[PDB]
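J.: On the provided structure of chain A, position chains B, C and D with the ligands as indicated by the hints.
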Amino acid sequence: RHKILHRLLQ
Amino acid sequence: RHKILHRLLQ
Amino acid sequence: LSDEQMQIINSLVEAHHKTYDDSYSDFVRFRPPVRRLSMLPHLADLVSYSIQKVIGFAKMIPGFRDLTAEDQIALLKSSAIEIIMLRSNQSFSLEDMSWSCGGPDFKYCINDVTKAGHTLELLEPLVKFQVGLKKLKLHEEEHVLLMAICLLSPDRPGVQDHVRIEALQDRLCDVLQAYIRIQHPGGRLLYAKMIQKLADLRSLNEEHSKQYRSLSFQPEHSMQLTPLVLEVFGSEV
Amino acid sequence: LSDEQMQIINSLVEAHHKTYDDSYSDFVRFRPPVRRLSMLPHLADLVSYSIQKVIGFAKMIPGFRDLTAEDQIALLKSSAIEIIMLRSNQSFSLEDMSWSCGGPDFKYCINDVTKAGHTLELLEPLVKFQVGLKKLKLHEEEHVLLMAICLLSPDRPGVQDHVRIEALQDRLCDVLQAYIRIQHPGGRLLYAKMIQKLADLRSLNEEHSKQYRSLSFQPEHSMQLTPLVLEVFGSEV
Ligand SMILES: CCCc1cc(C(O)(CC)CC)ccc1-c1cc(CCc2ccc(CO)c(CO)c2)ccc1C
Ligand SMILES: CCCc1cc(C(O)(CC)CC)ccc1-c1cc(CCc2ccc(CO)c(CO)c2)ccc1C
Numbered sequence: 686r687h688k689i690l691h692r693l694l695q
Numbered sequence: 686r687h688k689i690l691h692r693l694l695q
Numbered sequence: 156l157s158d159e160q161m162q163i164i165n166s167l168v169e170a171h172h173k174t175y176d177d178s179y180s181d182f183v184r185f186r187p188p189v190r251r252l253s254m255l256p257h258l259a260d261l262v263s264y265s266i267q268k269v270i271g272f273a274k275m276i277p278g279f280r281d282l283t284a285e286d287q288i289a290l291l292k293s294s295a296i297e298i299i300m301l302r303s304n305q306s307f308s309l310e311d312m313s314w315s316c317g318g319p320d321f322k323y324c325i326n327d328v329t330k331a332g333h334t335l336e337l338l339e340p341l342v343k344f345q346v347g348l349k350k351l352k353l354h355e356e357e358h359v360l361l362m363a364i365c366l367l368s369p370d371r372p373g374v375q376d377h378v379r380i381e382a383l384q385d386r387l388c389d390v391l392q393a394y395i396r397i398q399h400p401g402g403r404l405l406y407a408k409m410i411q412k413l414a415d416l417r418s419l420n421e422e423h424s425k426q427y428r429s430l431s432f433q434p435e436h437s438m439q440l441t442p443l444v445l446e447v448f449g450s451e452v
Numbered sequence: 156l157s158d159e160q161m162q163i164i165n166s167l168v169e170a171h172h173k174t175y176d177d178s179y180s181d182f183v184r185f186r187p188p189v190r251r252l253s254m255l256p257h258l259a260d261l262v263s264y265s266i267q268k269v270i271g272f273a274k275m276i277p278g279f280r281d282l283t284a285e286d287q288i289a290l291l292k293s294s295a296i297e298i299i300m301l302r303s304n305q306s307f308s309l310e311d312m313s314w315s316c317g318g319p320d321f322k323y324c325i326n327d328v329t330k331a332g333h334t335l336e337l338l339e340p341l342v343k344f345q346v347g348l349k350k351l352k353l354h355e356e357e358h359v360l361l362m363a364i365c366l367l368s369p370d371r372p373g374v375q376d377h378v379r380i381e382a383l384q385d386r387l388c389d390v391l392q393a394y395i396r397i398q399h400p401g402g403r404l405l406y407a408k409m410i411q412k413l414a415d416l417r418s419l420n421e422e423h424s425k426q427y428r429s430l431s432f433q434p435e436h437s438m439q440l441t442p443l444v445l446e447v448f449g450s451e452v
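Protein chains in written order, with full-length UniProt numbering: chain A, 686 to 695; chain B, 686 to 695; chain C, 156 to 190, 251 to 452; chain D, 156 to 190, 251 to 452.
Wrong hints could be hidden among the right ones.
[Stated by the list, open to error] Mimicking DSS-like on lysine-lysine, the simulated pairs with C-alpha atoms at most 27 Å apart in a straight line are:
{"#": "1", "chain 1": "A", "residue 1": "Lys-688", "chain 2": "D", "residue 2": "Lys-425"}
{"#": "2", "chain 1": "D", "residue 1": "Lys-425", "chain 2": "B", "residue 2": "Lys-688"}
{"#": "3", "chain 1": "C", "residue 1": "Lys-425", "chain 2": "B", "residue 2": "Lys-688"}
{"#": "4", "chain 1": "C", "residue 1": "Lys-425", "chain 2": "C", "residue 2": "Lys-330"}
{"#": "5", "chain 1": "D", "residue 1": "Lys-425", "chain 2": "C", "residue 2": "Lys-268"}
{"#": "6", "chain 1": "B", "residue 1": "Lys-688", "chain 2": "C", "residue 2": "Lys-268"}
{"#": "7", "chain 1": "C", "residue 1": "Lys-352", "chain 2": "C", "residue 2": "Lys-425"}
{"#": "8", "chain 1": "B", "residue 1": "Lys-688", "chain 2": "A", "residue 2": "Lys-688"}
{"#": "9", "chain 1": "A", "residue 1": "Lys-688", "chain 2": "D", "residue 2": "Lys-173"}
{"#": "10", "chain 1": "C", "residue 1": "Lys-274", "chain 2": "A", "residue 2": "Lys-688"}
{"#": "11", "chain 1": "C", "residue 1": "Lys-173", "chain 2": "B", "residue 2": "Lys-688"}
{"#": "12", "chain 1": "D", "residue 1": "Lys-352", "chain 2": "B", "residue 2": "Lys-688"}
{"#": "13", "chain 1": "C", "residue 1": "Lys-274", "chain 2": "B", "residue 2": "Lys-688"}
[Stated by the list, open to error] Partial list, derived from the structure: chain C residues whose beta carbon lies under 8 Å from chain A:
{"#": "14", "residue": "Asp-177"}
{"#": "15", "residue": "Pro-442"}
{"#": "16", "residue": "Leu-445"}
[What the hints assert, rightly or not] Per label pair, the in silico range of CB-to-CB distance:
{"#": "17", "chain 1": "C", "residue 1": "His-354", "chain 2": "D", "residue 2": "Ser-180", "range": "43 to 53 Å"}
{"#": "18", "chain 1": "C", "residue 1": "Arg-190", "chain 2": "D", "residue 2": "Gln-305", "range": "43 to 53 Å"}
{"#": "19", "chain 1": "D", "residue 1": "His-354", "chain 2": "C", "residue 2": "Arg-184", "range": "39 to 49 Å"}
{"#": "20", "chain 1": "C", "residue 1": "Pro-187", "chain 2": "D", "residue 2": "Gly-271", "range": "21 to 31 Å"}
{"#": "21", "chain 1": "C", "residue 1": "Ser-418", "chain 2": "D", "residue 2": "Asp-281", "range": "44 to 54 Å"}
{"#": "22", "chain 1": "D", "residue 1": "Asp-320", "chain 2": "C", "residue 2": "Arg-190", "range": "41 to 51 Å"}
In short, the hints are calculated from the structure, not lab data.
Just so you know, even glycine gets a beta-carbon here, dropped at the ideal spot from N, CA and C.
Just chain A, with the same shape it has in the complex:
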């Protein structure tokens, strides 16, 4: 979960 939020937060 939150796969997309991570990619964007790095």
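T.: This is chains B, C and D with the ligands only, laid out in the frame that chain A set:
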């Protein structure tokens, strides 16, 4: 799972 | 042909017309085309849109509606890409080796499609398939049948009642085989050709699947897809 | 103000500029506006797009980047709608009581927004909020601060280190309080007004949440959303 496919299949 | 056979033809043909807009007027509502995967937004919407049509078509194939909700999803999730490769042919032009949909913005060369995340490994046989198929110059009656035959294949991962679906597909294969014999002059070897196509859609299905996982795995690419595409092409069982 | 304080201002302001296109040139790539929830596709893309900007802005707030990946998501998932209601104000016009973004197609009356699935229960206070806020005629320095202050609230469901985030927010509240005292003439009562706004964004946050669940629950409506919107507004913990 397959929430959208059901709605469309009825 | 008999009456029952013909009724199935009129049934499939009307379902196709109801799910295939020859004006392609709905394309104006997809995220605009752009010629770094610039064509992904537009094509992901074109495909998401198409899936909705395939589901609409499937719901009208005589008998399909009577399968188990699970069998319906199983047949759909696995044969969706194939049905879209089949229905797309109705717009493939041998001339400009592209898909012409109403206008120039909606005309996709092998170039445009490359910017959607797919390589030639798929695009190569895909076009080859479109040409070979486009050349069979099938009738709308046969065209719509081939779609119903492909969609009602019992040899799909997930199928429970892989015996009833075996019946339906057969009931369709006959109508086609018969029609081609009676209504299609010069088509004394057609059936074999068509069935051969359903086999090519299998290698293509596979290729797209691998290429799809590759993209699908990247959130900067999957966030570009649609909730429906992710679900139908997703591997959640 | 001190140097450290000022550095934070230059930091936030540059982050805003980098994440806010005054040309609104990217709107041409959203699914076209349509005036049965006709405005959902376009607005869902406008919002999905905005979330991407808020994440981009957040990653530049000094200190935020040092929070736990989980704290980052927690602050983001819960304060995202509020930041979007705050940043949207930079385009809200008191004249035509709408959001003017570059052109007429990208101008949304209270009418257009209704066709997005939201009722007046939200649209009513939302506009009221936009007016009251638009009237404070804040500076870009204060505007960008209020966003960082709102985003770095420790009182959000999910926050683990609700004590460090307590520090950061404070380090920001000062810079603002100070600036308003020194750099904002006539703004001897501003701070209190602004903070009052962060409280109104809470009732609005709530309203949108309920209204969002209602829509979100319907697949014929959620299939219209974006993978990013579903995830950030979804309740998956
Ligand atoms: C069969 C390949 C379908 C496909 C999937 C994808 C994705 O896998 C990317 C992640 C999913 C959105 C991207 C692009 C394409 C793709 C799409 C087309 C579009 C064919 C186009 C699609 C459908 C239809 C009617 O349903 C017409 C008109 O008859 C034209 C041609 C070639 C390719 C490679
Ligand atoms: C805060 C309400 C945000 C919202 C959420 C939704 C959904 O909940 C529907 C399912 C998610 C897509 C639909 C519509 C809206 C909604 C969106 C707007 C757009 C404001 C618009 C949005 C963002 C920005 C910059 O990030 C500008 C220019 O500064 C203008 C105004 C009013 C409403 C009610």
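J.: Each hint needs a verdict: does it hold in this structure or not?
T.: Hints, one by one, checked against the model:
no., hint, verdict
1, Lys-688/A with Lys-425/D, "24 Å, holds"
2, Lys-425/D with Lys-688/B, "20 Å, holds"
3, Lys-425/C with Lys-688/B, "24 Å, holds"
4, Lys-425/C with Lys-330/C, "17 Å, holds"
5, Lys-425/D with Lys-268/C, "32 Å, violated"
6, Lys-688/B with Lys-268/C, "17 Å, holds"
7, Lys-352/C with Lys-425/C, "31 Å, violated"
8, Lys-688/B with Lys-688/A, "20 Å, holds"
9, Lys-688/A with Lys-173/D, "24 Å, holds"
10, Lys-274/C with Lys-688/A, "34 Å, violated"
11, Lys-173/C with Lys-688/B, "24 Å, holds"
12, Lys-352/D with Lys-688/B, "46 Å, violated"
13, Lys-274/C with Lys-688/B, "17 Å, holds"
14, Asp-177, "37 Å, violated"
15, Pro-442, "13 Å, violated"
16, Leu-445, "11 Å, violated"
17, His-354/C with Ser-180/D: 43 to 53 Å, "48 Å, holds"
18, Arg-190/C with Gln-305/D: 43 to 53 Å, "32 Å, violated"
19, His-354/D with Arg-184/C: 39 to 49 Å, "40 Å, holds"
20, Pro-187/C with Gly-271/D: 21 to 31 Å, "23 Å, holds"
21, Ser-418/C with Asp-281/D: 44 to 54 Å, "50 Å, holds"
22, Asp-320/D with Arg-190/C: 41 to 51 Å, "22 Å, violated"
Checked against the numbered hints given earlier, this structure breaks hints 5, 7, 10, 12, 14, 15, 16, 18, 22; the rest are met.
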